[PDB]
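Just one chain follows, in the form deposited in one PDB entry, and it is written as structure tokens.
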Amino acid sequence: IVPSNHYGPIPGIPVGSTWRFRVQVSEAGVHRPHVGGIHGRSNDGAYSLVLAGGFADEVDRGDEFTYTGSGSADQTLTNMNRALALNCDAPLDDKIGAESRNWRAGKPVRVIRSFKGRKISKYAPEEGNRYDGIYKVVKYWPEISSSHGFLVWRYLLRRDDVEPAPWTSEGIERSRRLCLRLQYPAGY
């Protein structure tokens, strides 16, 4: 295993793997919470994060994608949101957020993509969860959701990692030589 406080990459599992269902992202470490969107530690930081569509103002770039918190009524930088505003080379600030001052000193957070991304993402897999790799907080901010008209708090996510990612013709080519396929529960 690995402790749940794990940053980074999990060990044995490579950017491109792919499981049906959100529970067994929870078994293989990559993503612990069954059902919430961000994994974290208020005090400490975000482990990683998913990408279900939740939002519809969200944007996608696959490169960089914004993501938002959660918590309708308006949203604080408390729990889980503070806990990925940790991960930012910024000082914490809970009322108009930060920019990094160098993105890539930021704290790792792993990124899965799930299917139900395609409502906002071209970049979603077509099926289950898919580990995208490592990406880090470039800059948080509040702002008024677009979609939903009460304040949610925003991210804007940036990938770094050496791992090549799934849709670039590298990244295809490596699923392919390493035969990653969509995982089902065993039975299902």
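Here the rigid core means the biggest group of C-alpha atoms that line up within 1.5 Å when the two forms are laid on top of each other. Residue numbers count along the first chain shown, from 1. What changes on going to the form deposited in another entry:
- For the listed set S26, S42, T66, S145, the sole C-alpha moving 2 Å or more between the two forms on a rigid core superposition is that of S145.
- Once the rigid core is used as the reference frame, the Cα position of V162 differs between the two forms by less than 2 Å.
- Remark: with the core as the superposition reference, the CA shift of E127 between the two forms stays below 2 Å.
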Given for the second form:
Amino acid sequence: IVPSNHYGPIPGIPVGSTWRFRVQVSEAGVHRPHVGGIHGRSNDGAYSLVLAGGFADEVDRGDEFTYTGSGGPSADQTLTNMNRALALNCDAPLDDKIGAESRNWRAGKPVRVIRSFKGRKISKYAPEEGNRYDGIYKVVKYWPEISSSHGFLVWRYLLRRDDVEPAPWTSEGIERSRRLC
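Just the form deposited in one PDB entry so far, so send over the form deposited in another entry.
Here you get just the chain by itself.
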């Protein structure tokens, strides 16, 4: 229906759609890697990611979350591979030293965000079971941080929801899901 390279909503799969298993999320094309946490191409951008609570308490704020890059914890993370893919979605020239803030955040490339039940103890926005598609998010900004406990650079990303469809935890989103049957 859509290629692997597809940006944005998967047609016929609305916000609030849920799947018991990651393989099913993958089958539906919503987040194609059934193990990898992020789907992207380093020379293009990120298409989807799975959020399971974030790096710390109170990091998932629903409409906004702070995502953490991959790599390392024995080495400085780098703006390569999926880290680079995600940063390319941000509406700003790529900067691998200080990071960048988007000029206009809504103009960024869209990321499909799936919340996993695995973050239910940490995030009030996580589904209580399975996986749920929460819609489109944009990378507002990204920045490097040296961690206090291991002393290596880790990439950090601010994501903010930008979707016409109401978020599943809202009154609108709740009612929409009930109607979809």
